[PDB]
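Missing here: one protein chain of the complex. Every other protein chain is in place.
Lettered A, B, C, D and E in written order, each chain numbered from 1.
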Amino acid sequence: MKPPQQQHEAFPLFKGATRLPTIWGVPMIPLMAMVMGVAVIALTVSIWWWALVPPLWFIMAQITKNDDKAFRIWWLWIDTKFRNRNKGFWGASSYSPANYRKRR
Amino acid sequence: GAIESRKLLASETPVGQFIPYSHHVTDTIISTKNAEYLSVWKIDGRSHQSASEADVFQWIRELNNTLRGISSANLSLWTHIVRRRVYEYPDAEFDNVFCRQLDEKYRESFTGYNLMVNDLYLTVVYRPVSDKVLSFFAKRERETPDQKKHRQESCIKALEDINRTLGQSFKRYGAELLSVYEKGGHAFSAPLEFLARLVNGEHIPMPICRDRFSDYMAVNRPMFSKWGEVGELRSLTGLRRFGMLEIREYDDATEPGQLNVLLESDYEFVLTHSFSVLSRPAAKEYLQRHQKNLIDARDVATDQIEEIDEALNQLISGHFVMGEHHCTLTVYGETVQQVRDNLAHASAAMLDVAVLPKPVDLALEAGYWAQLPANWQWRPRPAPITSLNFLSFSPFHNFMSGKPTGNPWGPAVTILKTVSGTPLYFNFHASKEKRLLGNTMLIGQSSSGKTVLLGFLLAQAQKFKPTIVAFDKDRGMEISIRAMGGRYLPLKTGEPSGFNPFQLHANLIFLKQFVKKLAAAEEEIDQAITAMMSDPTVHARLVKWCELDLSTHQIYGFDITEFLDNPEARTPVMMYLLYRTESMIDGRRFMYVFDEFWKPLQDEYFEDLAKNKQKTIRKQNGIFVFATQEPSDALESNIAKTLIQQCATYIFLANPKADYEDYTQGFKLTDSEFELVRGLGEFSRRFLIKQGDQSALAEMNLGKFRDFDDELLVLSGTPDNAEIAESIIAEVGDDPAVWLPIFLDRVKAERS
Amino acid sequence: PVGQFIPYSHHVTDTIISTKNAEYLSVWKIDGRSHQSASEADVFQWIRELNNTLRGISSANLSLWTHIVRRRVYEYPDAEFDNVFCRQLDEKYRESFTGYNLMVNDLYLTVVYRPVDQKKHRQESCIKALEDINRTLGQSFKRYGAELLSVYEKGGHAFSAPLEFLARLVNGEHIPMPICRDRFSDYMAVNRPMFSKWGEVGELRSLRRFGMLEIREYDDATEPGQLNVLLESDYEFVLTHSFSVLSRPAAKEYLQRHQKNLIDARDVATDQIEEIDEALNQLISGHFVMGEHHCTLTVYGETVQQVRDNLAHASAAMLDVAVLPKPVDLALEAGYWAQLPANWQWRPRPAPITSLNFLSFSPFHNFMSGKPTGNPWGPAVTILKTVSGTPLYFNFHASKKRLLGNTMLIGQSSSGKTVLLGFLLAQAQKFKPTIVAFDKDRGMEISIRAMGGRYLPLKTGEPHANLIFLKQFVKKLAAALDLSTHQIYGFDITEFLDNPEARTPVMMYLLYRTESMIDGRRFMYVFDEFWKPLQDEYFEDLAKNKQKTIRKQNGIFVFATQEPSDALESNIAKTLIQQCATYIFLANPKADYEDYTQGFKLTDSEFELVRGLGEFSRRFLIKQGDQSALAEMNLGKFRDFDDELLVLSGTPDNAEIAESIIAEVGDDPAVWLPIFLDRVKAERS
Amino acid sequence: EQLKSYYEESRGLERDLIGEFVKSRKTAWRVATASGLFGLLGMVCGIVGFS
Amino acid sequence: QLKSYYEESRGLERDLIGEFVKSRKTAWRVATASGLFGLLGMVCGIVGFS
Partner (left out) sequence: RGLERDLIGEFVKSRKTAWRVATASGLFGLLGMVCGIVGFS
């Protein structure tokens, strides 16, 4: 049925895949985006620019502790499925096998 | 509209962005848009069903040890267990009635059995530098075209060294390196076909032209769903719906074969493992993060501390390196519901072992482009794992399945069912024991299944129209030989056969006939018989007490059961018969077939001729098929050493009186293999096939499956049945081999 | 409507069709050379010979479009003719064709010129440009056979032939379109194709749907012809190539741009850059021009599923060669509209391709097919199967007054001469001509008696402008005749064929009545042996002199001879031999190599094919004009071939049975053949 | 039945179409630019008079 | 002296008559804009005059 077997002769993983890089409970790159957004708010107003940071940051931390590095998935979606055009025309995202007809 | 179509296609994004490949820089190595040179290894995996538990762990340890030297941060591995439906094996074409009907029945016998076979491909890339940050800074600078050539040369040398080391490490495995193959006055790329199969979903041969590989690689339009977990490929052959899956949680144990459950299954899929090795600095940093977060224990667990403490010592001084791993499984199906239920089955199978998967959503195209070996950036969920754990996830275990098509002499001779469930494409030619060796030795213990199996193989191998010469025992295959076009030539006592001892160069041949004729000697008759041969008191006695036409038929036999007492009959009989058939060896395909080794032992010079002549015929369409009803006493023969050494395909039939000693020293097979073999009780049909180093407990069956009614009696061998059928053949007297119906009436008494 | 896509406007100079944007055009219908017959040297020589005039007339204005079309020909009408035995033969042999290809290959190359008070003088210069281009193209295509389509009068209002091809390219079916006062693109589209909304496939109404496979190869072709695999297929299609020849200064710039672009890369490929640099060096030295190129295949299938299957089979056949088709899912509209000549803008993806590669992709190779219809007597006289599974439409009038009609049949009498002679005569009866037959044996008489005319054998005991008759009679002195009775005639020459000097006087007298009787009605003279009559003093002279007038009338001399070396091509026989239109060479076990090749101008590879047939293989080589094919009119089961072969062959026993039955019956509605059917095979059995 | 004398003029007809069409383009720019300058006169006059 | 692959490609693809039609359309559009400026000047004169 399966070559798998219940044996203690194991190579432990140590579960270091949960302790992926983080600084204050969040990966730095999404937190870099949070800082960029806080600066964007600071362009509009300084009173609540720093104030908006703890809410978003806490949301990031609590999401990451649930399912780590989901932000990479979010970025991949935004980059690939979102940016594609003519999604409605084909009924789904499509990529022409052939190159640009003009290409000039 | 015509202008509307133009403005739409101008908006459309080509697929060439996601396919980072370019010219073959070397015959075995592919380039990349980012100079990440690639090479694909086609591996014939090791057989795991032998179920030698400790040996699996030993194999994993050895793979890790051999990989250690290659393990360096500039490396990666992508493993793809592609499991496919097979169409390459063609339906056979037949002339004789009996063999054609047997083929028809056997083909009908596989309605409802899965014909999918899984083959394993390992792709190894060599990124020049794996800097976390410095790579980005270096990427945006121009370089000297001669120094780019320097990078080319150094990378090619390193990758060639890697391939050589891996090939030396994978001796027990298939270890075949895909390279350029030319066909029709124009070059082709075998590795390109694999990458196309990954990206196109179908095997499309890829000619190599002056343009870059990426632009013309894709011939099928992919349509990834929006807000969906499956995608659709639009192709001329058909529309293929593929669904993806991802692993999100791991366990510590990593007992090897945790993913083997997926191999034997009913859904066609592609399984991906990428192991982007990680440098020891970052490795110990990652380890230290978990170490620290454990030290923040608050009495979380006492054991885990001494479970992790050994990690530092093993990482510094062991032969393993950390890595980045993601697993993605792509099920191909023809309808949306079918692929979804396949995904449910696969998730159930993964949840069976301690891993917990989760379907990939919002990253379908990312996971799909991650399948390509060179796509670093599209990794959906990279995780840090131990190298031992990586080999545990991908231990190159595979149910043995011979090549269906492309084998020497063409397609696989037969398709045999397997106990595990993966169909086995039987074929005589095996990789290791240049032109492939076709030797076979059908050892067994007093089981008529030997005769039935041999007759079935002959009837099915009739597809190649090959010349076959048989030396049967106990009238076993007289009916089988007569069934196809052939002459039995029974050597019954009291009537010398059609040939007389004389023959019609020729004097050189009959020289040894004189020498073997010398019995009850041998010095004065060295040439005194030779001169009379130019043109012995007991010699004329044998001549008076002796108590042919070839090439008009394709199959031959010889009722040689009589000469089990006096070799001076048997030895000249084999000498004359072998010399006779020697002419037809070079004419076309040949398969000698035997049933004993002690009569061949009676020759005492058949070894002397065979030691070179087996190579000579083997070069030109020569095949031996050996059999033994007493394997225990077989290896005792002086010639038996050469018999065991030369054998290519080893087939064992259930022997209750099995020997550990013989089957270990000769008939080389593992201890677990021997336990499995002896586990076969007497009269069990299943028979182990050690075709090559890999082995599988294939079985053959003939029972009603919702047939074989006439062939069940014909394949077997019975003295009563054979003599009675000889009575019918005497009555009918018809060279029209289709004569079978007349005998079918006399089946009334036996089949009453 | 659809008039936007079609650019042609009106017809000029009787041979060029003007266009919007002042771009004169000229259409050539080219019958390709036979690739199968010739060896490997001839094909390279032909490629280089074409390149000669291509680079010789190359200029930025010049362009060329190539179309090959596979047509299910219905122009064969299956005519009606009253004879009973010939009806049996015709019906059975039609039945034999079931399951076999009836498609034909037609190749077209359309030369187009687009220049980049004195306006009229510049117009004259522009038209004379295409005038000279057509003149040099015609001189360069003499061996191939090129018919410059031009206007032809019809009942007082003209039709322009070139418009018909450009119509067929878009309409898909041959529709005659006349020259009217309008602009041509207005109404030339009788059928408007409808393409799918997503564009995967297209639909055309008579309904035939079509799909397109885009073919683009960027490296040099190994073989002079890589696309000849398509010439045999079960799907109609149109294959296009456009060659807008770039001027040399633009070619240099493009090569430099592509070279620099290849240089600027992360991974350097030394092989490709060296190849491109070598091509750059060759451009100045090997004087081949470069132009933009694009290739599209437009298959035809009744149903989309059949269309997809045809596409899959075409892709597999292409991938057997090293050419990878790229399927067209969208822009099928643009690709299809690219087919029409002078539609540069709608080209999907032009790619600069060396002239040698262009000729290698599209050399004018096609199997022999002849012309099924339009021959001066009518449709094709008969249709013969060929090797390579392509149909052959046989017609006598194929030449290089009116086209030549004379035919040579060379081979041994046993080696299928009888059956082929009889079958060709029976088919030719469909036009009901007058037949005068001379037979070396008594074989022909049974065949003739089967037809309407009664053979007149010669046996012992049965023998003012007339000044010519008297003077010819004096020459012999030195040593139901007319066509009124019945249409067909046969006079035995077996009596005087071997005779030394008795043949000449009777031939001289017989020719008098034979020629003078009809004299311009029709003639299909047949001689089993024509070298025996020609040794005459007077007959050969009058034949050579009067062949011109006989050709003017509806007169064809179907000569024949068993052994060409026996005919020995004497000084007087030279004209008769050389003015033969169509040659059918049977398998000759013995053939003097030098005389056989040099007398017939037969190619060396064609001679190799003739020898390859060897002895006692019922095949023949038909060399019409300047092409060849191996056609076999084999008669097997799919089953009357047995009986109409038995009657067709002539043996002394068959001859005597035929004469006795004819004399004894009295009135017999060809019912002697049912008597002849079994009365013969019993004796052989 | 002068078959070609009827299209002996079609050539000159096409030439005259080209000539008339290019002449029309020339007069089109002529009128457009004249209107542009004269409208500039009007607009600047109104701008001046607005005060 | 074409001196440009791009120039040759554009010269092939470009439609001469359609180019002239578009040029005249642009000419008339620019003339209309000029008339608009002129009418604006007229309105400004009528207004500021008072």
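Rule of thumb we're sticking to: a residue touches a chain if its C-beta (ideal position, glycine included) is under 8 Å from a C-beta of that chain, and two chains touch if they have at least 3 such contacts.
Only one of the listed residues, C:183, C:216, C:294 or C:503, touches the absent chain: C:183. Although one chain is hidden here, its contacts on chain C can still be listed: residues 9-10, 180-183, 186. On the side of chain D, the interface with the absent chain consists of residues 10, 13-14, 16-17, 20-21, 24, 27, 31, 34-35, 38, 42, using the contact rule stated above. Across the interface with the omitted chain, chain E contributes residues 28, 31, 35, 38, 42, 46, 49.
FYI, only the chains that are shown with their structure count from here on.
The chain pair A-B and the chain pair A-C differ in C-beta contact count, and the higher one is A-B. As a whole-number value, the distance joining the C-alpha centres of chain C and chain E reads 57 Å. Work out the mean CA point of chain B and of chain E, and you get 74 Å between them.
In chain C, the residues touching two or more other chains are 22, 326-327, 329-331, 334.
Residue numbers of chain E whose C-beta contacts span two or more other chains: 9, 17.
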